[PDB]
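First, one chain by itself: the form deposited in one PDB entry, in structure tokens.
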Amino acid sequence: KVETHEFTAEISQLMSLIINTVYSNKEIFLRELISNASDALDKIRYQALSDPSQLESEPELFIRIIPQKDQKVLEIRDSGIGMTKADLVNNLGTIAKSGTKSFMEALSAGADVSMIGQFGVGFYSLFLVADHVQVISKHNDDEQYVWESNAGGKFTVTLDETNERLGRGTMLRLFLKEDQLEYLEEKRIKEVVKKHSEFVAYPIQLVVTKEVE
């Protein structure tokens, strides 16, 4: 059951700008997504202070990076508060019009792409390294859904009947560009995490697949 929706024009504009920029420090995308994951974890932790039962859907609080070399996909999963179906339509491709507009003005004046997070739209930095993204999300008291975009003007939201269950949280599935496959490598991922994400309150877990020999 696939619903199609249109991006707020300014958000479409930003995605095209980012997916085409030739910027040289693309590794900062990972800091931005980890930062979004930390913030989502802050929110479920806030609710859990009043109501500890909110954690029961996924009791471990974590950020997990899962390279899928077979698929040329990098996944970033958290057990944060997550997003309902309405959130996915709204937060993504509607809200943040204001931040996208200001960021684009700053870019024209010379701003570093790396200050995207200061306008609240660092999520879209993923298009530095990916040409296609799926956002899978599960909020307490709603079903699991998949939001999907290819940096054009349309996105879809679907009940998720094909991915592992998240329990609670969000998983971004980045379909990496052919020149950015370095971010599937354990050594590269560790470098970037250690450089740019030292002060994160939650464990950052790296899933690595090794042959037994």
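Heads up, when I say rigid core I mean the largest set of C-alphas that superpose within 1.5 Å between the two forms. Numbering follows the first chain given and starts at 1. What changes on going to the form deposited in another entry:
Large C-alpha shift between these two forms, rigid core held fixed: of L107, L128, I76, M83, this applies to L107 alone, with a displacement of 2 Å or more. In a rigid-core overlay of the protein, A201 has its C-alpha displaced by under 2 Å between these two forms. Core-superposed comparison between these two forms: the Cα of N20 travels 2 Å or more. Once both forms are fitted on their core, the CA shift for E191 between these two forms remains under 2 Å.
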Second form
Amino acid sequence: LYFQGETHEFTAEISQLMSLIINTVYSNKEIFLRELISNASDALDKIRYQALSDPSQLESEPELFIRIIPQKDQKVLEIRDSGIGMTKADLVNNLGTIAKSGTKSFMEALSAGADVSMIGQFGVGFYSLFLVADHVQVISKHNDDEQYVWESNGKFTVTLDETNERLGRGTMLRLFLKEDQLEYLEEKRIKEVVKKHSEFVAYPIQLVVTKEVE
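And the form deposited in another entry, for comparison with the form deposited in one PDB entry?
Below: the lone chain, stripped of partners and molecules.
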């Protein structure tokens, strides 16, 4: 169903090319944020749905939200949602994996100069993160599993989370931004991008800003 079956061994070189392709094809780099919000919206839909039959699934994190937390000190942009979350197996599948179907369609679409604006539907959207970031940490907690951290920059690694604060449920993406892409820690820019590709989202998109007072 996906490239290299599922397993990812001695294939760091591929991540560079996909990153190089996506960095060359997508000159408007703000679309990484649109894909994050779209991923988070889908995650919230799934837990809301399965909470209709079994409302006890919402007790881990009662509220359903998307939250963007720019960390100016650490040069990190954090995007958290309270969706269904990801087990260890789910993290390995969704993160860093390529689908032969999507890539073949993506590559072929590039050949004919066809509309590739919607990156998510080629199963390749993961590497849009590397448009703005040099490293990525994914913290996730699924009701049926413990909290795990997936991170790469590349070598993939899923580590049991024994340090970060506890998420009730859901996923947090920590983006270590490139030195030229720090514009995405600023409030104005974030609202600009969110306002663009977020009209149709049914969940609140919250922005946490720390400003000094005069």
